[PDB]
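Please arrange chains R, P and F on chain U, whose structure you already have, making use of the hints.
Residue-level listing of the chains:
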Amino acid sequence: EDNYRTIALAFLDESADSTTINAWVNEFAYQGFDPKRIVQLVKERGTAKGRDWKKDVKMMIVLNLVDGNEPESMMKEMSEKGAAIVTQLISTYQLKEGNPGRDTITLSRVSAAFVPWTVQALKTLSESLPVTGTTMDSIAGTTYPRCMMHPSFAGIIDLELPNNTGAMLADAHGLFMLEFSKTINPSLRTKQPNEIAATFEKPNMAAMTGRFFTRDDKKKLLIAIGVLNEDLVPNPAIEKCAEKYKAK
Amino acid sequence: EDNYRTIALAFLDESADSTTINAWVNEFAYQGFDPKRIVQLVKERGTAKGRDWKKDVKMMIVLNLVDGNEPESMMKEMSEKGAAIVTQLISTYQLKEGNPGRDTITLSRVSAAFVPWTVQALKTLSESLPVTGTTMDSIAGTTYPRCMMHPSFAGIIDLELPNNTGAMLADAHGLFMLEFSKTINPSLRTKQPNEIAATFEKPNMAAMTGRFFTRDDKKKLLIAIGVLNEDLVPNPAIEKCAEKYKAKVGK
Amino acid sequence: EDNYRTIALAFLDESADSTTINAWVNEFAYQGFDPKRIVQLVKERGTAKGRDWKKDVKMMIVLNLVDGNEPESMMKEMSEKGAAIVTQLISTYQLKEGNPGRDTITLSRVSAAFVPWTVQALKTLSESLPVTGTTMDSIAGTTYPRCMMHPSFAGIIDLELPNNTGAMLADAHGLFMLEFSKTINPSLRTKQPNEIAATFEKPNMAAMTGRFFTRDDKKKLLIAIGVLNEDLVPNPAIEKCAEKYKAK
Amino acid sequence: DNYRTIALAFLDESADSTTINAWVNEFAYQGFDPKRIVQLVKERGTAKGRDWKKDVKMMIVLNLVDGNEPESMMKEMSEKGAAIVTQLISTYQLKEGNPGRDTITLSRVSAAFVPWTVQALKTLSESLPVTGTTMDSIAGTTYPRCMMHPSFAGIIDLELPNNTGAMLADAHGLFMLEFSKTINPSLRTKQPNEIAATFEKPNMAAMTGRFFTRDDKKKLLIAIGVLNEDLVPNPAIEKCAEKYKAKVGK
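Residue numbers (our numbering), protein chains in the order written: chain U, 1 to 248; chain R, 1001 to 1251; chain P, 2001 to 2248; chain F, 3001 to 3250.
So that you can see chain U by itself, here it is in the shape it has in the complex:
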């Protein structure tokens, strides 16, 4: 009770159960999600409770891309019609949080799982995005593909792709990635974009190496968006990713 040094030394003999400890780590750890699960939950929930779930997905992605990942807050800021729509989504799909536990739907999550739509929608959306294409073309030495300008793009990169092309894309995505982060957190913000990286690198690999999509799928997606050619040789704008992505 009163000898602190000895109280502390006595901890050598305190129990340290692996099972209980890991159980704590399981509870304290950020857990990922399975994209596969998200796709299931959306559908089941939507189909259960209405409803044209395919639309909902597209709406959610838009919201997310435009407004970010906190839907409740979003409603406060917008039109009555707009807010009304959202009410339906929160109610129907139980949208919740940011990165809570597994098995729960989140707009950023939806964006990831259904990323094949997401990259399509980026085009029409470029300038209502928190970082615009236009800035990015300047920041870039060229036209920076709109399809990349969200995190979920990470979900379709194949590292295993020849010539480190997969690697390249990661770099070129990151370039966008900096800016995005100084955003979802006002700060954050320019801790030379290295600590901004460690900010995202961890769920970015996690998406990049998720096996939800096969290499064949990725290749097929990458071509369709014009990020790649049948020969699998990416465009020049990427090349400019890139070595550019280095300095920072």
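Do not rely on the hints blindly, as some may be mistaken.
Pulled a few chain U residues facing chain R out of the computed Cβ check, cut under 8 Å [unchecked claim]:
(1) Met59
(2) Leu63
(3) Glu77
(4) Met78
(5) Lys81
(6) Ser126
(7) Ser128
(8) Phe180
(9) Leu221
Label-pair distances were calculated between CB atoms; the ranges are [as the list claims (entries may be wrong)]:
(10) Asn2164/P / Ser1138/R: 20 to 26 Å
(11) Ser138/U / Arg3101/F: 45 to 51 Å
(12) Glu3159/F / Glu2127/P: 25 to 31 Å
(13) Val1233/R / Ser138/U: 53 to 59 Å
(14) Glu1/U / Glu3200/F: 34 to 40 Å
(15) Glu2201/P / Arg3004/F: 22 to 28 Å
(16) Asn2194/P / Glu3026/F: 37 to 43 Å
(17) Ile90/U / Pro1236/R: 54 to 60 Å
Just so you know, the hints here were simulated from the structure itself, not pulled from any lab data.
For every residue, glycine included, the Cβ atom is placed at its ideal position computed from N, Cα and C.
Same frame as chain U, but now just chains R, P and F:
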């Protein structure tokens, strides 16, 4: 039974309807603060504390003009009595810094909502502003009207006035704005006026086009403060100021 | 009430007395301090007490230089003896960290007022500073004069000095200065060098253009500390230095 | 009186390096006391009628896994977990970063209670910021799990003969560099000798702290298999120190 994956892959050719999406943006977008709402919250909150809210408004504005829009971070610098007052205002009105959501009051929003007071106050404390009356005078060929020396002035501009009097008024306001912005977002000190202008372009525009005051009200205010004559004729200085603004920004 | 637009429009006819307005302004305003005043209060207050006030001043500057400007926090972190001392100063000189009240003594104030000592003490303790000479010789090309490395320095700079050699001196001082602010605030650390810079200019000018010391006095001090030769031509280490003080 | 002259006069008031430097010392910030930390944890835990010892264990696990920023943690974990953290923060009055000495931080809990911490590392190495396997690679041999947190610096006795203490530190260094890179990424572009200097001062303080005696350190180090009953270092320690000398200055 059901391939998630394939179901997801199928979204590659689910329709991506530029107009339909863009329509979606529209519903979904953030409105921007409503001056009408600010007046309401101020009155409600002040009265609920039995406070003399109108005096409070005057104080909140003076403080905004003099000290800016970040009130926690302004208290150390001032006097014991003053910091105390600021403490009350933040508490009573639930003030937030920066640019929060639309149901939130900011000192800057107070100034915009109650801009009929604000334009008046400018006259009496122009030296204590971030950019002085004298500074603006030097920049301008002539006396720059004190009433225009804050952003909130944008809220009383009728763009629709005839003879492009409205366009002209905005340009003269721009002259002050360039300085003002330089002196709140210093990142712009290194920049060129046209670059700076694009900075405040939308928010100002939002201000000029707001539905809260009517065209007739605006006329009434502009005349009252000596910007327009009863004939809608701009005070001579406005041309001078607008002209310098055109030269600096282009066109 | 009922009609918010009309209520607001009504403020056109609400009173705006300058006198009452300006009364709010001085209460709201920073309002600064007069160095002569600080000197008068240090002596007296100390002198009222048994105190050897001259000593107190150096002790206070030291404390300020390495610890910072909040005395009460300081006591918490230190030796019981050291705290005992500080305790003594605070009662006797009635020290505060804010809200300074033109007749309010703060350590930083003491440093500025008695800057002739301050510049002497800088040398002995450069490495004990929140930023170090070394940390600073790094940034700089050559040895960066320890004498400059506190804000207090600004107090002895004569802009009116020929060849803008005073202008020079203002720049070099900043170089240290930017480094200093992030520290006093960790918030700035995030910021562009400009917005930090323009977090100190307002009082740095107030110190530089202060009439406490005559131009002649400043010249005598600057020579004494080695900043100037006698022809009023400053080192090389200084042209060099602060020259770099620009890009940022 | 002329203030001004009175100042100005201060130009030649004495400025003695020794005297000044003396002052710097009584004025110096002490650095946190592990004795105090242990005291506050118990006092605060008992005060809320909690199993404080368990709490300590949780706070440590949390720290190893999630770092030193508690509130900023909570966003990314499950609600069951998030709830626990909220309670620990409330009860122990936890703060982030590197505050004043009388303040508890998760990192300080790990240091105060490092006799638990060295044990816990064995079981959760993969979940650390730098994994065991990673460490093993860099080591070329199993890098002892007990050494993979900065708190281990707390049980090093420098004075151990055959400079086994000096060795122990270098081997601890091997992990620190990697660890430092991670928690402070502004450093992974830096060379090892450069990184090492970041953690020199703090580690040193840890090693020279008076809280545990030389005898205690011996006892723990033997207990965790770093040393044998003869004060003889595990062979792996030598390899690690060597590599560390290799990466770094020497």
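Quick rundown of the hints versus the structure:
1. Against a cut-off of 8 Å between C-beta atoms, the interface hint on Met59/U holds, since the closest Cβ of chain R lies about 6 Å away.
2. Checking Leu63/U against chain R by beta carbon gives a least distance of about 6 Å; that is within 8 Å, so the hint holds.
3. With a cut of 8 Å, the hint placing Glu77/U at the interface with chain R holds, because the nearest CB-to-CB distance is about 4 Å.
4. Because the smallest distance between the Cβ of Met78/U and any Cβ of chain R comes to about 6 Å, under 8 Å, the interface hint for this residue holds.
5. Taking 8 Å as the C-beta cut-off, the interface hint given for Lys81/U holds, the closest approach to chain R being about 5 Å.
6. Taking 8 Å as the C-beta cut-off, the interface hint given for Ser126/U is violated, the closest approach to chain R being about 11 Å.
7. With 8 Å as the threshold, the beta carbon of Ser128/U comes within range of chain R, its nearest partner Cβ sitting at about 5 Å, so the hint holds.
8. Given hint, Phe180/U at the interface with chain R, is violated; its Cβ is 18 Å from that chain's nearest Cβ, farther than 8 Å.
9. Interface restraint check: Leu221/U against chain R, minimum CB-CB distance 7 Å, threshold 8 Å, status holds.
10. Between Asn2164/P and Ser1138/R the CB atoms are about 22 Å apart, so this pair conforms to the stated range of 20 to 26 Å.
11. Here the CB-CB span from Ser138/U to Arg3101/F is close to 49 Å, well matched to the stated 45 to 51 Å.
12. Between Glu3159/F and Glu2127/P the beta carbons are some 27 Å apart, a value that agrees with the proposed interval 25 to 31 Å.
13. Look at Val1233/R against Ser138/U: about 43 Å separates their beta carbons, and that is not inside 53 to 59 Å.
14. Between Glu1/U and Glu3200/F the beta carbons are some 37 Å apart, a value that agrees with the proposed interval 34 to 40 Å.
15. Our hint of 22 to 28 Å for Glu2201/P and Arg3004/F holds, since their Cβ atoms are close to 25 Å apart.
16. Range check, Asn2194/P to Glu3026/F: Cβ separation about 39 Å, and the 37 to 43 Å hint holds.
17. A hinted range of 54 to 60 Å holds for the C-beta pair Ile90/U and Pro1236/R, which are about 57 Å apart.
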